[PDB]
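There are 2 protein chains.
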Amino acid sequence: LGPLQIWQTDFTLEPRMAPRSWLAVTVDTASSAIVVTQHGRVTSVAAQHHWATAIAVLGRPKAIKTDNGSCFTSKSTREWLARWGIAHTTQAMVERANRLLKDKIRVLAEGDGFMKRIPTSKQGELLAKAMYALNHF
Amino acid sequence: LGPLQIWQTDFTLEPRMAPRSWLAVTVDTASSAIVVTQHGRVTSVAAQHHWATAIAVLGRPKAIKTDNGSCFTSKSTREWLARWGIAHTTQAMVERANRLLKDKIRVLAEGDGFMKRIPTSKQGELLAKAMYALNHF
Numbered sequence: 055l056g057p058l059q060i061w062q063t064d065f066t067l068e069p070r071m072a073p074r075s076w077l078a079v080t081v082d083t084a085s086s087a088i089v090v091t092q093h094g095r096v097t098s099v100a101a102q103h104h105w106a107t108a109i110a111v112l113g114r115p116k117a118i119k120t121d122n123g124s125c126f127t128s129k130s131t132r133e134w135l136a137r138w139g140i141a142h143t144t153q154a155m156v157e158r159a160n161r162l163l164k165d166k167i168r169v170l171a172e173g174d175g176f177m178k179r180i181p182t183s184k185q186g187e188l189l190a191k192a193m194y195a196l197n198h199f
Numbered sequence: 055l056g057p058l059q060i061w062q063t064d065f066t067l068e069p070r071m072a073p074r075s076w077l078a079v080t081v082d083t084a085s086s087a088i089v090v091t092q093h094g095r096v097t098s099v100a101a102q103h104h105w106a107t108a109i110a111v112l113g114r115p116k117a118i119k120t121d122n123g124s125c126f127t128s129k130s131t132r133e134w135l136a137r138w139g140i141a142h143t144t153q154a155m156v157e158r159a160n161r162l163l164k165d166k167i168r169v170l171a172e173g174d175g176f177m178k179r180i181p182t183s184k185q186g187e188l189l190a191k192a193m194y195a196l197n198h199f
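If you read the protein sequences in the order shown, they are chains A and A'. A prime marks a further copy of an entry chain.
Count the first sequence with the authors' numbering and you get residues 55 to 144, 153 to 199, in order.
Count the second sequence with the authors' numbering and you get residues 55 to 144, 153 to 199, in order.
A hint or two may mislead.
Which copy is meant is left open, because identical chains are indistinguishable; a pair holds if it fits in one copy or across any two.
Claimed, not checked - Restricting the straight-line Cα-Cα distance to at most 25 Å, the calculated cross-link-like pairs of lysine-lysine (BS3-like) are: (1) 184 - 129; (2) 164 - 129; (3) 184 - 116; (4) 116 - 178; (5) 166 - 116; (6) 119 - 166; (7) 164 - 116; (8) 191 - 164; (9) 178 - 119; (10) 129 - 166.
In short, the hints are calculated from the structure, not lab data.
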């Protein structure tokens, strides 16, 4: 009787994480858990790479909600979701996630003395720490 | 009263994933969940990158068990674990994980017609699918 297995996914631009400043963000509407990956471009393949990670983390969802951006509605992405057996529909929860994540990234970056872009070699750990801070005790 | 929050972590070499063929593997001894990342070299920083991901995924553990490899016992890694407040001790569960993971990678690769090394552009999704298959329904 628990919540349905439905995600919302979006991309959000975060220059503190450049050059891979396109953050793909999934929120599990059941648990509120967030998965975020970084990408150098917003493409169908980026979305697919991100969901492959999100499935590794969260399991296989029944459905994913996105907007009607071309990277979500392309033949390529429609086929990839069909290959996984995931229903796709074309979002307040992921909008809130985007804000919580960008705020957390800024606080953690500034805490480490990075007032502008985060040095490339430090980004992966700082993004993972933001994800940890949003999801876990 | 649930299981203690203790991980085991190891590196295992998987040439099907070359050039980033060093797989860092954590198993949560509580749940049996596995986190795996790929690395081009086995270094203290690789271990730290891997645990940063594993914390994002699983939460912050109370302790991590490893062997006495230099990448785990270096000043750098001892300090990184202290920064996180994670107790470190210097492993059957992660050995089993290593085997389950390499077997799963081979089956999935061969299923996609890759009988030797997996093409670089396909590795990230295939590793994530192996992780998914081990952890989730």
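For this structure, which hints from the list above don't hold up?
-> 2, 4, 7, 9 and 10
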